[PDB]
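Novice: What follows is the residue order along each chain.
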Amino acid sequence: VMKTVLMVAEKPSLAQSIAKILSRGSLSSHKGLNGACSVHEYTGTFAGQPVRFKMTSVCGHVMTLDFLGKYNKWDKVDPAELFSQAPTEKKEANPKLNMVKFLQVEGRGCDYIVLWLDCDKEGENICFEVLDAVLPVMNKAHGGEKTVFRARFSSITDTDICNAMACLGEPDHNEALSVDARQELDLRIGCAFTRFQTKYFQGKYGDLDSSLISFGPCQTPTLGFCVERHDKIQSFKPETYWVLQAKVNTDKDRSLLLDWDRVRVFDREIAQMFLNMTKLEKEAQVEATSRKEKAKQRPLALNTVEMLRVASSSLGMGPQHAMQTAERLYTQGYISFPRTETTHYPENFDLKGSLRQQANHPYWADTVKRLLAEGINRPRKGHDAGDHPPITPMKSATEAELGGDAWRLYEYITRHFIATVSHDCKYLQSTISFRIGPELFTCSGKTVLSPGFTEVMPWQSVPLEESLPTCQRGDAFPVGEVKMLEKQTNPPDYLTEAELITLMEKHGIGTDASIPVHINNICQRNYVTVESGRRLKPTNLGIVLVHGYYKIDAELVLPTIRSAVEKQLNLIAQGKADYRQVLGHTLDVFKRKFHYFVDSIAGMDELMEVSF
Amino acid sequence: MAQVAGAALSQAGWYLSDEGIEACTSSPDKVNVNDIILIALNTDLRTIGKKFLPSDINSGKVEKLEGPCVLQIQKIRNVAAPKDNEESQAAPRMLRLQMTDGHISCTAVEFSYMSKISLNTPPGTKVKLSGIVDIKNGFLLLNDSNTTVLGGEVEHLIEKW
RNA sequence: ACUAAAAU
Ligand SMILES: [Mn+2]
Ligand SMILES: [Mn+2]
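Going line by line, the protein sequences match chains A and B. So the first sequence is residues 1 to 612, counted in my numbering. So the second sequence is residues 1001 to 1161, counted in my numbering.
These are computed hints drawn from the structure, not numbers from a lab. A virtual CB, placed ideally from N, CA and C, is assigned to each residue, including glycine. Hints may be right or wrong, so weigh each one.
Claimed, not checked - In silico contact screen, one side only, chain A against chain B (beta carbon under 7 Å); selected entries: (1) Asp259; (2) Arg262; (3) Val263; (4) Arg264; (5) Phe266; (6) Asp267; (7) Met273; (8) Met277.
Claimed, not checked - Derived pair list, reagent style PhoX-like, types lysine-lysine, alpha-carbon separation capped at 25 Å: (9) B/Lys1136 with A/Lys483; (10) A/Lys487 with B/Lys1136; (11) B/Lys1075 with A/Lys237; (12) A/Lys279 with B/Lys1136; (13) A/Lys279 with B/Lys1064; (14) B/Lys1061 with B/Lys1050; (15) B/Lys1083 with A/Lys232; (16) A/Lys101 with A/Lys3; (17) A/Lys91 with A/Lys11; (18) A/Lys247 with A/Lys282; (19) A/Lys237 with B/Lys1083.
Said to hold, decoys possible - Just a sample of chain A residues kept apart from chain B, beta carbon distances all over 10 Å, derived: (20) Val265; (21) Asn276; (22) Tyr330; (23) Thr431; (24) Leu571.
Turn these sequences into a full structure, and let the hints steer you where they fit.
Specialist: Following this line, the structure appears as structure tokens:
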């Protein structure tokens, strides 16, 4: 009687793909108790012996952390005791999917478990929740033989999956502890501060009766970024600067506008001196004729952050709307996983096949055919985070199929994919240096020689401008007029969604799957408003909250604190510290901060008294 | 001890007064020309020296400045960058020096990059002008050829932040 | 009715 090996994946699609690859096409499908996760059975060999294989799915986190008992009711608790007094338990996530019962009825007699879960911290946490759900119901492992395995993989290619199955390992318990510590920290701090603020403000100001004033280790800095930008806008004093432009003529027809090397003179008298020192001259000489070949460099692979940035900038989508559209595309099978964190293609990827699947679309059929004929250019080397393969098209589509926003996102994704395997845009930049009196001027222009990926991303295109005249050193030209232009320093504008996403990526605030959620949350809590151009304008609520936080304890808003706490969490993820020690040493610090905040709330009170 | 010392100061470039020269530490039978200069680089020209620039440099009538002179820097501002970011890569550096002989203030503008005067140069630093120096409107053109920084600290605070 | 992340 052969044994059974139970394999678990983070997604039904991932489980189906892995089971198909490892089955060599011999797969049997059944539907489980939940109705979404499926069970795939196939015969094979695991440890030098015949054995059945039962591959199944877990839809994300099995369990979610929450307070147990009365402490989940706001009217019968003091938020101050949410820190070191309220017990916390992992109850469930999506209880309509009886995931614990499904795992128990699937692993009733399984002798081995192989965790084909995502290779990240959240993946390891679900590994251990699957383990403490299935290990009680597995058959006893007599002897020293190991009964738990983990598979490390990045791509869903045949040979990658096969070799990952060949070389198996053991789960890391410290990473699960790191995730659990992060969850406890976030839950306790956020729920304590939000409960206090909501119960306080709703009791004094009537205009916030139905509002939810929420504080969090990831949305408060997000609001702080926009509030800081608004502060810069409101505290900007324009300055007046003068620029000299000289217009020369060469071929009796073309007039060249010459730019000043000593640009942006900020003193009227100095600018007038330069004008009086130049305009009395009717001849300009040529000194430098630089004709240098350069190349505009092709894009990397598409990660979720870049996709959200481009969707917010050019496609006119919100981050959450873009995430929903990408998820719909992925479920329908047109796009790869849209929550990827990697800009590097796998070393073993069917780039040629993916391009060949796009060889019958009128927008880029010619470009794809020429690229396949001349051979693809190797994609740029990027960063391999070991999370997921980058967002790539997987099936052909047309406006008649998707329609609207889904079609636009698919078009951008496939154009980016064609561009990342195309040639660089080679352009010659010609600069001519002129001497007028004792002062210098320069004229620069660009002429394309090989459009490259410009053919498939027309918008990353070098502008078409007339080539600079062929004048060598010592040639004299007549200058029509030299004029001084008065200009003012424009004020910066409110943060765009792309810039906010860039700032969140830079400062470590949020993740690949939480940036749209955080932006939508700060928009929905009426902290910021989305104006024209996807600009985030802070509201009076956001301004008063962030300014009062600065007055009381700015360390609750500063972006660096999330990174510092993450560093102390990796301290125990690497085993160099203790889970309980770090948990307590952060909780007590934040408890002292919360008590100081409660004792010093008069700052925000008097700051909000004027504006409600 | 007086006339020959004044001749030495004139040859060096300084055009102080007799009271200022005797104010610069000149211990009898001790030091003649080096230590007086050494302390002059560290003492206020406004309180020590005599006028030698023309009457109306800023007016515009003056077209050239002749003779090797020495002046005191009072303020240095980057006129190619805004006040909020006094240092920036948007425009080439261009410093609007304010210079004094102790009686009359004048303004100097830098054409060529001068790796001897920066925004970190302390006020009171002495600049020696050599040869003919052009003035265009009210501004003295300064380059690497006609300017030499002689250093010096005149006991001035930070005057910043 | 919170905080943060995984999932369709
Ligand atoms: Mn995952
Ligand atoms: Mn991630």
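Novice: Hint compliance check: list the failing hint numbers for this structure, sorted ascending.
Specialist: 1, 20, 21
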